[PDB]
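Undergrad: Guided by the hints, dock chains L, S and W with the ligands onto chain X, whose structure is given.
4 protein chains.
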Amino acid sequence: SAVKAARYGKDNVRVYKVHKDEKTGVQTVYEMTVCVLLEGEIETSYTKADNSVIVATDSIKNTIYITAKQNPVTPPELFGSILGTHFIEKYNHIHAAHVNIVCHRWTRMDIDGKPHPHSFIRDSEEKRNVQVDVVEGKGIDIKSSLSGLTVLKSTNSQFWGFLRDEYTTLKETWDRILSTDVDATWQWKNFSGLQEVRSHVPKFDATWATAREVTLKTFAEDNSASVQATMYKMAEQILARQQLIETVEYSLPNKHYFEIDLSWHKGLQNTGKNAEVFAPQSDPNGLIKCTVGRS
Amino acid sequence: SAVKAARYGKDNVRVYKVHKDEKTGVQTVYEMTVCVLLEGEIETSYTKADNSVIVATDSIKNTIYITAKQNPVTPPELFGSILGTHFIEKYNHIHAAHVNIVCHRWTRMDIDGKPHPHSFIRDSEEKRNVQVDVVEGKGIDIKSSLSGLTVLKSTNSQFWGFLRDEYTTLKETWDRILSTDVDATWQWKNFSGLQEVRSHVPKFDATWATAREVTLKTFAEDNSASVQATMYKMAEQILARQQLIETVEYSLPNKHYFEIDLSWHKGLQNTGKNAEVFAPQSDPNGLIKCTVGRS
Amino acid sequence: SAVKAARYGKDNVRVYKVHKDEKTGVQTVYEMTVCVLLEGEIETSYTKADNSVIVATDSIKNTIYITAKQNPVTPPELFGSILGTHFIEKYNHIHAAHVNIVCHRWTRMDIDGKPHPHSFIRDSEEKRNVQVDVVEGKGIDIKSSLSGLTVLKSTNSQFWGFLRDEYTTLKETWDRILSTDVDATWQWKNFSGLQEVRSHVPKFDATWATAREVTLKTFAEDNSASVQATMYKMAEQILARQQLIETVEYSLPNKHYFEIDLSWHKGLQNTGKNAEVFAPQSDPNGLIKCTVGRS
Amino acid sequence: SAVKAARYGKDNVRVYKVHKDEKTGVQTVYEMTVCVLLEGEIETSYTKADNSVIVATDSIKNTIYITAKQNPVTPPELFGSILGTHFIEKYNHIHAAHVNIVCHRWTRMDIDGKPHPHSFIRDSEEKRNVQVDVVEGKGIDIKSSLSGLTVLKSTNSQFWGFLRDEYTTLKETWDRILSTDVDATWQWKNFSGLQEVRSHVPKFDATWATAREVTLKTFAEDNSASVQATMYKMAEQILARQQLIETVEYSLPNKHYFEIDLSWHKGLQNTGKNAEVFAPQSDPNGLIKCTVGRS
Ligand SMILES: [Cl-]
Ligand SMILES: [Cl-]
Ligand SMILES: [Cl-]
Ligand SMILES: [Cl-]
Ligand code: NA
Ligand code: NA
Ligand code: NA
Ligand code: NA
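Protein chains in written order, with the entry's author numbering: chain X, 1 to 295; chain L, 1 to 295; chain S, 1 to 295; chain W, 1 to 295.
Chain X on its own, in the form it takes in the complex:
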C-alpha cells in the first residue's frame, strides 16, 4: 500500500474578533468558524510513525488565533489567504493549505432608530463562506459563497411542460409556491499570491453584496418557469457584474408546499385558485444544481 492523498489539520475552530474605535466608541464584531487542513511531505506520519513532519493540529489552532490577532479578519477571502500563505511559507515541507471559513452574522442593533455602538443581533443563520486553497507553485484559489439564505414566494412560480411518461404522476401547474435555501458560490480567477489578493480586497465584499442582491431580486421578480431557469438567470447576472469571477455555482432545494384537498369536509374548497392552507413538506425535496461559466 501507499498514501495517495493526505491532508490533516484543525476543524471547528471558533473565532471572535472585536475592533474598538477608541475615538468614537463604536465597536465592531466578527465571528467565524475556521478549518485549516495541510498537505505536504507528510506521508511518513502515516506509514512510519514519523511525527516529526506533523505541524500539530493544536499548533494550527494557535496559529489561527495568532493570525487573527495580527491581521484583519475581514474580508474572509483576505484572512484565509493570509492564513494559508503562512503555512506554506513557514514550513518548507508543507505545500498546500486549505482554509475554510464560515462567517456568522452579528448585525449591529438599531435602538430607538439609532445604531448601537456595541450590541449585535444574529439576524439569521445565513452564512458567508470562503474556501481558500493556497498551493505552493499554484497561487491562491478562492471560492466565495453565501448559504442558508431561506426564501419563499407565494406565487409567480410555474412548472409545466416537463416530460410525461409511465413514471409521471405530477400535475402541471401555472401557479405554485417556491421556497428554497440558497447555496450560491462564485469562483475567482486564480491569484498568484497574497499581493494579488490584496490588490482586489474591495471586490470581495462588493461581489458578495452583488451575489446576494441579484439572488433576491431575481427570485422575487422572475415568474419562474423552473428552478433551473431562475437560477441560471441569477448566475448570468453575477458573471456580468464581476469579471474576476470565472464561474457561479447554485445548489437549490425545492422545498415543497403541498396543496391540501379539504373537499371531503363540508365541500371545503382549498385547491387551485382557492388554495389558502398548505402542508410544508420536510422531505423529500427536489435538488437542482448548475455551474455557469463564460461562453
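Simulated from the structure, these hints should not be mistaken for lab results. Fair warning: there could be bad hints in the mix.
Copies of the same chain look alike in the list, so a pair counts if it fits in one copy or across any two.
What the hints assert, rightly or not - Mimicking SDA-like on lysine to any residue, the simulated pairs with C-alpha atoms at most 25 angstroms apart in a straight line are: (1) 203 with 74; (2) 217 with 25; (3) 127 with 255; (4) 217 with 3; (5) 203 with 148; (6) 255 with 53; (7) 138 with 166; (8) 289 with 141; (9) 255 with 125; (10) 217 with 27; (11) 23 with 107; (12) 127 with 216; (13) 255 with 161; (14) 171 with 264; (15) 23 with 282; (16) 203 with 239.
TA: Just chains L, S and W with the ligands now, kept in the frame of chain X:
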C-alpha cells in the same frame, strides 16, 4: 395500576397559510408548527383497548388544517384559542386541549427599496410561540413567548462581587462579552373563553412587540451587573406596560467568550484592555432563569 | 414587581470519568452531560445587583468536576444525589439543587469474541437520564429515565374502532407498522436524604434494566390495539416489579410509515397484503403520553 | 454565459421495505434515504425554459419507489446500480445518474434470548452508505462507506515527537484518550455495467463487514502513535483483504478529552497518572484524512 394522567394528539403539524388581497395583489404568508394534545375521559383507551374514546390523531391533524382554512391564523394566541375551544366543545368527553404553536418568520422582502407583494425571507430562526391550554370549566390559559433571539454585546457587561470560596477560580471582571439566546415568556390573565380572548386581540401583537423591544433595548443599554439583574429589568418593564400579563419568565444562557492569552507567542498582548481575539465556547454555559410577577 | 421564582446554574457540563483496575488492566469509562441549577435566598442578585449571594456558575462547574473526582459517578441517581446534597449543605442560603444528568453510552468492544480492556463503542444515542431535586427540608426526589430508544415492528400493530365523524379520513387497519422513540420515566419514592439513597443503590441499575427489558419485550410481543394500550402494559409491569417506584411516565411518538399506492404504474400492487415499500414520514407524528400510578 | 455543469433530481427520499417469509413468519426490514441526481442533455431547461428535457424530480421519486418494489434493496451497491442504470437506459438524453444511499440500522431484537420475527431496534446512528455513479459509456463507479461509527479508547494512544516551534504549546504525551467518529470509504474497481455488479454481489456485504471489523480491531489493538498511523494500518488491511477495492479513504476527527488540573482545590491530583476526570471538548477538533491505494 391506574392512569394518573393522560394526553395524546398530533405533534409537528406544519401549516402554511396565504392571504391574497385580490385588489392590491399583496400576498401575506404565515407558517407555523402546531401540536395539539387532548385530555378527557380517555383512560379506557389505555386500560381496556377501548379506542371508541379516541379522536384519532390523524383527525386532529385534519382539524388543524380545517380550522386554519376557516379562521385567521394570526395572532397565534387567537388561533390556538379557537382550535382548543373546538375540541372541548365538539367532543363531550374531551375536557382539555393543549395547543402549542411555533410561528416561523417570513418577512416581506424589500427589492430596490420597495416591499415585494409576494416574496419573503426567513430573517432568523427566532420564533414567536404560544401555549394555549383550553380547559372545560377553567377558561383559556395563554403563555406567549419569543425564543431563539440571539444577541451579543462586546462590552458593558460586568461580573464581580460574587461569592468566593475554595471552589472558586473565576476572576472578577469589569468588562466582558455577554451573549445569549433569549427565551422570554409572558403569561396572560386567565380568559373565560373565546369571547374574552377575542376582545383583547390587538394586545397580542402589541405585547409581543413590546417584549421584543424591551428585551433588545435593555440588553443593549444596561451596563450589566449580571445576567440576573439585566433580565429582571426586562421583566419589570414588560409587566409595567401590559396589565393583562400576570408574570414574565426569562430563561437565558450565558454563552461564554473566553479571552486567549497569547503572551507565550512573541509577547503578544491579547488580554484585558488588549483583548481582541476570543474563543467562543460551545459548552458549558451558565443558565439563568427567573419568573417575575407583580408585588 | 417581585421575583416569584428563580434558579440559575451551569448547563451542558460534559464529564468523562475513567476507572482503572491496576490489577486486571480493565478500564471502565463513563460520560455524561450535567446541569445543576440552584434556588435559594438569591432574589437580591436579580433585584439589587447583589452578587454576593451568587455561587458563580463557574464554581458550580468546578464543583461538578471535583465531586466526580471524589465520588462514584454511577449510578447517576447516586451521583446526582451527592452533588445536589453538597450545594444545599455547603451554602446556608441555597435551599434547592436541581441536578440533571444525561448518561452517554460507551459499551465495551468485543474483539475476536473477547471483551477489550479499554476500547468502547457508542452503540446508540439512547440515553439513561436522571433528574434529582435536592430540597432542604424535603429530601431527595429522583426521576430516572431512558430516552432515544428507537424501535420498529413491521406487523402486529392495529388501529381500528376509533371515533369517526366529519373530521375523520383515516381508514381502520388490522395490520400496520409501529415505530417510536421511547421516553420512559420512573419516579422514586421521596428519599429523606443521602443515606436513604445510598441504602437503595443496587436498585437504580436494576430498575433501569427492568424498565428497558419490559419496554422491549412488551413492544415486541404485544399485538398492539393502540400505542395507548401498549404503553400502559409497559407501565403496569414496571410498577409491579419495583415497589419503590410511585409512577411510570411514557411519552411515545407514533412515527408513521405510509403505504404507497403504485397501482397507477403497470397495475403494481403495493397496498394491504401486498404492501412491501413504504414512505417513512418525518412529520407530523402522533404523540401519546400517560402517567401510571398505583391503584 | 453557458452551462458548464448541471445535475438535478430528488434528495431525501425516505424508503422502507419489508420482506416477509410466509413460511417462517420472519420479517426483515430495510430503511434508507435516497438521493438521485441526473445529468444529460438538459442545459436548455436552464437557458431556454425548456422543460421538455426534464424528467420531473417527482417522477424520479416515483421511480425510486417502483424500483424498490420490483428489486432487492440490498446490498445497497446493487440497488443503486439498478436504479442508476434505469435512468440512463430509459431516457436517451440522460447520460449519468448519481445515486446516494444512506442505510439506517434496524437490528432484529433478541427477546428472552431469542431473535424476534418482526421487531427491530436502531442500535446507533452508524450508517452504511453508497455512492453509485452510472455514466453512459463509462460503466458504474461505486464508493461504499460506513460513517457515524463513534468509538473511544481510554489508553494506548500516544502523541509525541511532533514538530515544535514558536507556534507550539501542546505538551508531548505517552498516554491519552483517543475518540473518533469513523468515516471509512472503499472505492471499487469500475464495473462495466449491471451484469458485472451482479457477478460480485456477495462481496459487497462481506467487504463492508471486513472494513468494520478491521476498523474496530485496529482501533482497539493499535498502541497508536498518531491518528495518521492508526488509520493507515486500517486502510492497508482492507486493501489486502479485497482485491476489487482500488483505494480506501479515512476521515477521522480527533475528539479531544482534556485533563482537568484540580490541584488548586485541596491539592487534588487529577493529571498524568492520576487523571480520572476529563472534560470532553465539543470543538475544536483535529481532522485527519488519507486515501490509501496500492503501491
Ligand atoms: Cl423539484
Ligand atoms: Cl454564567
Ligand atoms: Cl397516532
Ligand atoms: Cl489532532
Ligand atoms: Na512550504
Ligand atoms: Na368536552
Ligand atoms: Na443550604
Ligand atoms: Na441515456
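Undergrad: Look at each hint and say if it fits the structure.
TA: How the hints compare with the structure:
1. When the C-alpha separation of residue 203 and residue 74 is checked against a cutoff of 25 angstroms, the pair qualifies only within one copy, where the shortest distance is 12 angstroms, while the shortest distance between copies is 44 angstroms.
2. Taking the closest pair of Cα atoms, residue 217 and residue 25 come within 25 angstroms of each other only across two copies (18 angstroms); inside a single copy the shortest separation is 36 angstroms, beyond that limit.
3. Taking identical chains as interchangeable, the C-alpha atoms of residue 127 and residue 255 lie at most 25 angstroms apart whether they share a chain (19 angstroms) or sit on different chains (20 angstroms).
4. Taking the closest pair of Cα atoms, residue 217 and residue 3 come within 25 angstroms of each other only across two copies (21 angstroms); inside a single copy the shortest separation is 48 angstroms, beyond that limit.
5. Taking CA atoms no more than 25 angstroms apart as the test, residue 203 paired with residue 148 passes inside one copy only; the shortest distance there is 22 angstroms, against 34 angstroms between copies.
6. In this assembly of identical chains, the alpha carbons of residue 255 and residue 53 lie at most 25 angstroms apart only when taken from different copies (21 angstroms versus 47 angstroms within one copy).
7. Within a single copy, residue 138 and residue 166 get their C-alpha atoms no closer than 51 angstroms, and across copies no closer than 27 angstroms, so neither meets the 25 angstroms cut-off.
8. Proximity of residue 289 and residue 141 under a CA criterion of 25 angstroms is satisfied in both settings, with 22 angstroms inside one chain copy and 21 angstroms between copies.
9. Proximity of residue 255 and residue 125 under a CA criterion of 25 angstroms is satisfied in both settings, with 18 angstroms inside one chain copy and 17 angstroms between copies.
10. For the identical chains of this complex, residue 217 and residue 27 are inter-copy neighbours only, at 17 angstroms across copies versus 32 angstroms inside a copy, given an alpha-carbon limit of 25 angstroms.
11. Taking the shortest alpha-carbon separations for residue 23 and residue 107, only the intra-copy value of 21 angstroms comes in at or below 25 angstroms, while the best inter-copy value is 36 angstroms.
12. Taking identical chains as interchangeable, the C-alpha atoms of residue 127 and residue 216 lie at most 25 angstroms apart whether they share a chain (15 angstroms) or sit on different chains (23 angstroms).
13. Proximity of residue 255 and residue 161 under a CA criterion of 25 angstroms is satisfied intra-copy only: 20 angstroms inside one chain copy versus 36 angstroms between copies.
14. For a Cα distance limit of 25 angstroms, the shortest separation of residue 171 from residue 264 qualifies both inside one copy, at 20 angstroms, and across copies, at 14 angstroms.
15. In this assembly of identical chains, residue 23 and residue 282 lie within 25 angstroms of each other by CA distance neither inside one copy nor across copies; the values are 50 angstroms within and 33 angstroms between.
16. Only within a single protomer do residue 203 and residue 239 lie at most 25 angstroms apart by alpha-carbon distance; the minimum there is 13 angstroms, versus 48 angstroms between protomers.
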